[PDB]
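A single chain, nothing else alongside it, follows as structure tokens in the form deposited without the ligand.
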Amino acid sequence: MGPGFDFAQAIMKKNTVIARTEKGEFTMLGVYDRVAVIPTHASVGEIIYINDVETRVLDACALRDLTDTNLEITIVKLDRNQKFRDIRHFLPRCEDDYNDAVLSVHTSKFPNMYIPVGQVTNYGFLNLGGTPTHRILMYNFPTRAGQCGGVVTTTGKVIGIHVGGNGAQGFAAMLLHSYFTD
């Protein structure tokens, strides 16, 4: 509808796949080469389904901060025959607050879904499903089951992936450029 939705659509149309684990179907953001991200609660194993194709997992790492606190981001390297467009230059370098974000989801349950969530707060600490979690972004939208993995964007930046909600607020794990250096 506007330039925020334009940036979101551009990311969804080239840098997302549908990931299926034994814990459900997730929006999965591809970042570069065969490297993608997914919420750690997806419990990625040795095999994952990518757009309904059986795919070997070459590496999976559940990220934690240097205090050994959960970040709720798993970085997955896929045995896929195709690379993602490199979008690392759209990742923030530092923790921040944002205006006017969009949450975008693409699954069997919610295809081509875009939600203007408004202002995004650097919330920090969250007890997420009983797990102490750091680097949480918060937005005041009543997000629902089916939205985990959804991509949070502003104009020009890919800032997070949706990891939970409390019925009134939604919560995303930050994406930082430093997670994807090689």
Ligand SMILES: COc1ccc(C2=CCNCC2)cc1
Second form
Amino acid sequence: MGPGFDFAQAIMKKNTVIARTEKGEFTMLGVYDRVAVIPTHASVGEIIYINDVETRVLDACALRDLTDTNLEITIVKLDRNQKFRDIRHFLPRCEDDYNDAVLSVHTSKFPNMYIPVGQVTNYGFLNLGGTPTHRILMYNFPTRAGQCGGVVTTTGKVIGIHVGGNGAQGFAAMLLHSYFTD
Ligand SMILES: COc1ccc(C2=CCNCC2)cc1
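Following the display of the form deposited without the ligand, present the structure of the form solved in complex with the ligand.
Below, the chain from earlier opens the complete complex, with every other chain and molecule after it.
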């Protein structure tokens, strides 16, 4: 509908795949080369389905901060014959608040879904499903099951991936440029 949805659509059309684990279908963001991200609660194993194709996992790392606190991001390297468009220059360098964000989802159940979530707060600490979690972004939209892995963007920035909700608010794990240096 407008330039927010334009940037979101550009990311979804080239830099997302549908990931399936034993815990469900997730929106998965490809960041560069064969490296993608997914919420840690997806429980990635040695094998994952990517757009319904059986795919070997070459590496999977559940990130924690230097307090040894959960970040709810898993970085996955996929054994596939192609590379993602490099979108690392759209990642923020520092923790921040944002205006006018879009949450975008693409699964079998919710294809081509875009949600204007509005203002995003650097919330920080969250007890997420019983697990102390840091670097959480919060938005005042009543997000429901099926939206985990959803990409949070502003115009020109990919800022997070959706990891939970409380029925009234939705929560995303930050993406930082420093997670994807090689
Ligand atoms: C490293 O694994 C990859 C990389 C890219 C893809 C994509 C397929 C179609 N649309 C673009 C993204 C799939 C798997």
